[PDB]
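4 protein chains.
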Amino acid sequence: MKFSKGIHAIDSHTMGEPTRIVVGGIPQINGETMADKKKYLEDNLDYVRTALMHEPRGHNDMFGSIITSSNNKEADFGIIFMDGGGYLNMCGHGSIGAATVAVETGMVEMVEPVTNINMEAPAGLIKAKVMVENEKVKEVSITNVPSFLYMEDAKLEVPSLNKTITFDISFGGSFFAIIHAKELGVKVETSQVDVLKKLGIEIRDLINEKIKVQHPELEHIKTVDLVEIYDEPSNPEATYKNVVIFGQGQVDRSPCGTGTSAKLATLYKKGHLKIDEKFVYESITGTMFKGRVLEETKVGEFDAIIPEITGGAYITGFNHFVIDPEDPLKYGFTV
Amino acid sequence: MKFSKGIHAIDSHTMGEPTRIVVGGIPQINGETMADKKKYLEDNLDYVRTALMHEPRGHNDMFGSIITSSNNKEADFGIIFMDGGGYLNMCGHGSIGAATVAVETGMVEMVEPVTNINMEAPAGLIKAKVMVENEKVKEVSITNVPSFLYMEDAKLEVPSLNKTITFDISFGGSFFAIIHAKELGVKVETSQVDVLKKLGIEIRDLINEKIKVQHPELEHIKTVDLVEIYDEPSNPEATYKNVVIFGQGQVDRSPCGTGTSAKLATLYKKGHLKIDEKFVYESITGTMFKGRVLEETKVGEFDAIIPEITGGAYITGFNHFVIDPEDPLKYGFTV
Amino acid sequence: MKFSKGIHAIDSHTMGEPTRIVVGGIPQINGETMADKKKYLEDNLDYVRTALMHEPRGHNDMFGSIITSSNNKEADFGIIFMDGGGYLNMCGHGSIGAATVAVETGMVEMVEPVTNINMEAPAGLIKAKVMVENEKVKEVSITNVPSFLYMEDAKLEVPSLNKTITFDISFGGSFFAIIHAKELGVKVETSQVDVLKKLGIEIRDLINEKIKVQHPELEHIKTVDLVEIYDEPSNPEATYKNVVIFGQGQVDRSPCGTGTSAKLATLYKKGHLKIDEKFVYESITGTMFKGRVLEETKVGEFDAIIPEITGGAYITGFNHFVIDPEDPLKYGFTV
Amino acid sequence: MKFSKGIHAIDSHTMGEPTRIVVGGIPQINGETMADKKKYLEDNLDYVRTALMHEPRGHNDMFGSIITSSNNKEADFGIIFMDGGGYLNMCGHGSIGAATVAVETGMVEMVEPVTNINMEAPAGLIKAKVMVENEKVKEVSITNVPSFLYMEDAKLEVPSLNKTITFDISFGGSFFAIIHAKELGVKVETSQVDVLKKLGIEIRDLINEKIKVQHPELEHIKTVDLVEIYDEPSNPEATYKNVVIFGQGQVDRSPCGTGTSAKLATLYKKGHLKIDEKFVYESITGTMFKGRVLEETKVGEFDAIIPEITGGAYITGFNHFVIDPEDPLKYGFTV
Ligand SMILES: O=C([O-])c1ccc[nH]1
Ligand SMILES: O=C([O-])c1ccc[nH]1
Ligand SMILES: O=C([O-])c1ccc[nH]1
Ligand SMILES: O=C([O-])c1ccc[nH]1
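Protein chains in written order, with our numbering: chain A, 70 to 404; chain B, 70 to 404; chain C, 70 to 404; chain D, 70 to 404.
One or more of the hints may lead you astray.
No distinction is drawn between identical chains; accordingly, a pair holds when it is met within one copy or between any pair of copies.
Below, a list of computed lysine-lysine pairs in the DSS-like style, where the Cα atoms sit at most 25 Å apart [unchecked claim]:
id, residue 1, residue 2
1, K347, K224
2, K71, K205
3, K108, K251
4, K281, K291
5, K205, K281
6, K256, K291
7, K108, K205
8, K198, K399
9, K399, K207
10, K279, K291
Calculated from the structure, these hints are not laboratory results.
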């Protein structure tokens with residue numbers, strides 16, 4: 070034994086998409102807002118991330134958070150998302166996990182009906198509710214950033230074989246790129262992964278050329294890191310089924326929070342029975358996220374809605390990672 | 070299984086007298102100063118202390134702490150000390166403890182010659198210097214709050230046995246009654262411990278709520294709470310031994326950093342010790358702290374001295390405490 | 070960090086009197102019978118016991134065990150009990166402990182009404198029946214080794230105080246001196262504990278190496294080692310209280326299953342108790358075992374009775390003990 | 070918190086290829102030989118495996134062992150390999166890990182020079198040596214089963230584009246299938262994974278048709294589950310570099326023990342400077358295994374050698390997996 074470093078994480082799976090919630094092993098991180106500490110992390114500790122998110126600890130499609138000091142009064146605690154490619158500003162399937170764990174472990178004093186909790190992200194402070202059955206969490210609704218559509222139609226170019234064919238782009242907290250099942254020839258199922266993943270990243274990269282758009286408000290993030298594919302379900306109590314590509318080439322095991330929070334737009338201004346209507350969006354693996362909306366905030370330059378998404382996270386063990394200082398791969402290695 | 074609350078501690082021992090350093094299972098406490106953090110703990114989440122310090126988890130003696138976010142400028146993380154009986158404003162084995170582990174587990178980036186780490190009691194911030202021999206920590210050298218003689222001798226009381234007479238009172242993080250082993254007829258040895266305990270608290274009671282206890286600054290304290298007895302040593306190296314009684318009726322196995330730092334800060338104001346002059350305080354259990362007297366500096370009332378005490382802590386396992394909600398002792402029990 | 074040895078235990082408490090159940094950090098001991106396994110432990114890897122039972126890790130009292138591979142036919146896993154002073158051939162709170170956890174953590178496939186688990190002391194195999202209320206364990210009901218009156222009263226000795234006279238001796242997993250609280254002038258209360266301890270061991274010494282200690286079968290034992298004192302209860306429910314002294318000078322906080330199982334196995338051979346007849350033994354700490362007297366069966370010398378004692382254990386956290394090789398107390402210390 | 074199950078694992082990475090060494094959470098497994106317990110595991114517990122080896126805990130290319138009771142005298146302990154597709158009979162990169170951990174953690178009492186250790190696999194008992202530098206493991210040589218070649222030339226069929234082209238087949242403890250870099254057009258590097266993996270499994274499956282051979286001795290295992298591709302290094306202190314496909318479609322991050330133990334055959338009967346000659350075989354990721362041989366056992370029907378392979382394993386944290394009984398994915402899910 071040597072190790073030199075020792076980080077305590079808690080694993081969750083949020084409808085299939087894993088989350089490593091680091092709890093103990095780094096007590097304070099300087100910055101004022103989560104962005105300030107984020108910058109500090111990305112600049113000073115940075116690639117603790119690599120170690121936990123890459124092999125031989127994690128894998129390509131691994132994802133996780135860091136619980137921290139609030140700094141902002143209000144109450145609760147601070148979170149910082151992360152993945153094989155760096156850090157997410159929001160992850161939704163992270164906000165659920167993080168919340169579900171916190172309460173289940175303690176950290177947040179739990180109620181009998183439903184325990185509200187506000188967590189500090191680098192992006193906006195996030196409102197998770199978590200309904201509990203006397204003792205334990207049943208599922209979390211996380212209220213999402215106002216989401217909208219950037220353009221109607223799209224089409225550009227696809228390497229093989231059709232060449233052309235219409236698509237669609239929107240927001241969701243981060244932008245997105247959505248298409249249909251009928252053009253390439255895919256049936257979103259576990260078996261065919263490679264064509265989707267391999268078609269996904271080239272579509273991501275080649276719409277970073279000049280179509281690339283910045284939304285009104287917040288000028289820093291630009292163009293696409295999230296490619297999306299609908300089809301509609303193979304499971305009865307559902308209505309759509311969809312996969313999402315991102316993160317140095319990784320994929321989401323859940324229907325995609327930020328993704329779904331964006332999709333359930335469109336059908337607000339496209340005539341599909343509007344507010345407080347039931348919608349259950351399911352993943353490629355085949356697991357459910359409930360979506361529904363409330364406020365519908367137009368405001369000039371766009372038309373937008375403030376979407377409420379729900380899901381379930383479960384605890385899949387407790388970790389105490391350590392870093393043999395001779396281990397030459399002690400940090401990450403990418404593949 | 071079912072638990073509801075699950076807290077991640079790190080067992081250390083510091084010349085005996087172990088410390089359970091809490092690391093994980095609570096992420097936040099807005100506080101401001103580490104006393105306004107301590108206050109919050111005692112008036113809210115005290116039910117932790119009862120759990121870990123008392124049986125079945127802890128025992129009569131048994132000491133620990135909590136790592137925090139600092140708020141305080143620079144301050145590398147900030148700490149709170151706790152025992153079966155309540156919370157110590159400061160603790161020299163508790164500090165020495167926290168320091169070692171923090172560096173050992175990589176919570177602190179470890180410097181190669183000596184690692185300077187600042188922690189927040191908030192009995193001032195404290196500057197621990199952690200010596201590391203290429204690979205490993207050699208020893209800690211914690212520089213403490215200014216220490217002084219408070220009132221001088223005063224008169225003793227009876228219940229048992231005989232009204233008796235002389236002793237002394239002095240501060241060094243908390244307030245101490247420093248009396249000779251002869252003055253009441255004790256020999257610092259395991260055979261008598263029971264007596265020293267039963268004696269100390271009965272004293273610690275009846276020299277409170279009869280007298281004037283106060284600190285030139287920080288207000289609040291107005292409580293000794295710490296009874297220190299002293300005789301010569303059965304070790305050539307050591308200069309003096311001592312036991313310390315506090316918290317419900319619990320004893321230190323280390324010479325008591327705060328206790329020693331207070332004693333030698335009565336000397337010099339006596340002339341038996343001058344600046345540096347190697348000092349080595351011993352406990353009951355053949356375990357020693359290598360004191361010295363660096364710099365004077367009065368305290369806005371009467372003259373004083375900042376002392377640096379030195380010692381060694383060792384990591385004695387990693388704990389994930391959990392509390393079965395049916396378990397009636399869930400929050401420990403007294404005896 | 071650097072440790073070299075890292076052992077994985079599971080803290081439980083069984084009506085107080087905690088048990089550290091070792092689970093992980095050693096995988097094998099060829100032994101044959103669980104005594105030939107115990108032998109090996111004590112003549113080799115005893116340095117574990119000193120570590121976990123003594124300070125800094127454990128304390129004066131503090132009890133634990135080890136889960137093993139059985140070898141023995143059927144036997145679901147097999148156990149070894151241990152304390153600060155050495156190893157108990159059998160223990161009713163140590164058994165009740167092991168049972169609960171084993172089922173609780175899923176080591177045993179948990180049956181819904183009642184879960185029958187066989188463990189190997191090897192003070193015989195023992196049949197614990199673990200009641201589970203749909204989700205959770207309600208209580209354990211361990212059926213023990215045949216118990217009996219051994220020699221009857223005999224005469225007491227002095228050192229302190231007064232030579233005195235009557236008492237009794239009886240077996241129930243180990244050998245007990247069962248004497249009244251009146252017989253030496255004690256009241257079973259925390260205030261006196263110190264006396265009961267100091268008394269018990271001085272007795273436990275001087276009623277050994279002066280007398281005839283022996284078991285009709287299994288040979289070897291030829292040692293009491295367990296002093297049991299008894300008075301009436303300050304509880305309506307409870308029928309009798311008791312304390313038990315053993316191992317270097319340590320006390321039980323449970324009524325002492327093995328201790329109680331031995332006491333009521335002197336009654337009936339007396340006529341104050343017959344088959345079933347609800348019995349409830351209490352400790353010093355307001356904690357009770359619900360005894361009964363099921364079936365006779367002599368012991369190849371003199372008549373005897375197999376008693377079933379019942380109680381409750383709770384999981385009080387999970388430990389990964391580690392031993393810094395520089396740490397001079399690495400293997401604990403005495404006081 | 071609920072979980073119902075709680076398995077303690079220790080993670081390693083053996084030159085990139087991960088290993089989850091389960092230690093605590095299942096104390097005894099019935100069977101006599103490791104095959105008997107294996108059969109028992111595969112039949113009764115089975116898909117604890119799925120949970121730990123599949124997502125959301127593990128991933129497709131995850132691999133691990135189970136430490137157990139020896140049963141066989143000799144000494145030490147029992148191991149059982151496992152992966153997403155079931156169980157391996159040998160894994161070499163498992164035998165190293167397992168050994169490296171055991172000693173590093175304790176479990177096996179360690180020496181000053183080199184600590185021999187014999188572990189019970191379902192296949193033959195395995196001899197790992199582990200050289201240690203006063204305190205810590207430097208690297209393990211594991212002595213491998215007698216390995217040989219089944220046929221010289223091969224060629225069969227490849228879907229695109231050449232159609233034909235020569236290859237080669239051998240043993241290694243398990244069979245294998247080896248080819249060159251020059252025929253399809255691949256440069257074994259992280260970037261191009263998919264073509265190799267996708268070309269690998271179809272080559273695996275379509276040489277399970279009737280070419281399928283059983284080696285002399287042990288009639289149970291048949292044909293191929295291991296496809297292999299040499300090229301030779303991009304790293305100076307090496308001589309070959311090679312990737313290996315298997316396990317429901319997974320891949321090896323290390324040069325492949327059983328694989329390499331087979332390859333370093335051929336060059337014993339093909340004139341390449343024979344016994345006790347240095348050979349370092351490196352992986353697709355680019356990390357070294359040392360191979361060299363000793364005995365060369367011809368025996369009629371084949372010509373064979375008993376190969377000695379070396380490597381390094383490092384500890385990448387300690388796990389305490391748990392299985393929320395409501396979590397619908399609580400066990401595995403494949404992709
Ligand atoms: O669900 C989300 O919010 C998300 C972010 C990145 C991938 N999914
Ligand atoms: O080491 C000390 O200073 C201390 C505080 C309480 C007991 N010992
Ligand atoms: O509960 C018991 O039987 C026991 C054994 C040792 C102390 N208590
Ligand atoms: O290295 C080995 O022995 C092995 C077995 C399966 C894959 N690699």
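Each hint, compared with the structure:
no., hint, result
1, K347 / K224, "neither (30 Å within a copy, 58 Å between copies)"
2, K71 / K205, "between (38 Å within a copy, 8 Å between copies)"
3, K108 / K251, "neither (39 Å within a copy, 47 Å between copies)"
4, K281 / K291, "within (6 Å within a copy, 55 Å between copies)"
5, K205 / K281, "neither (44 Å within a copy, 52 Å between copies)"
6, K256 / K291, "neither (30 Å within a copy, 35 Å between copies)"
7, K108 / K205, "neither (35 Å within a copy, 30 Å between copies)"
8, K198 / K399, "between (38 Å within a copy, 24 Å between copies)"
9, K399 / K207, "between (38 Å within a copy, 15 Å between copies)"
10, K279 / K291, "within (10 Å within a copy, 56 Å between copies)"
The structure fails hints 1, 3, 5, 6 and 7 (numbered hints given earlier, in ascending order).
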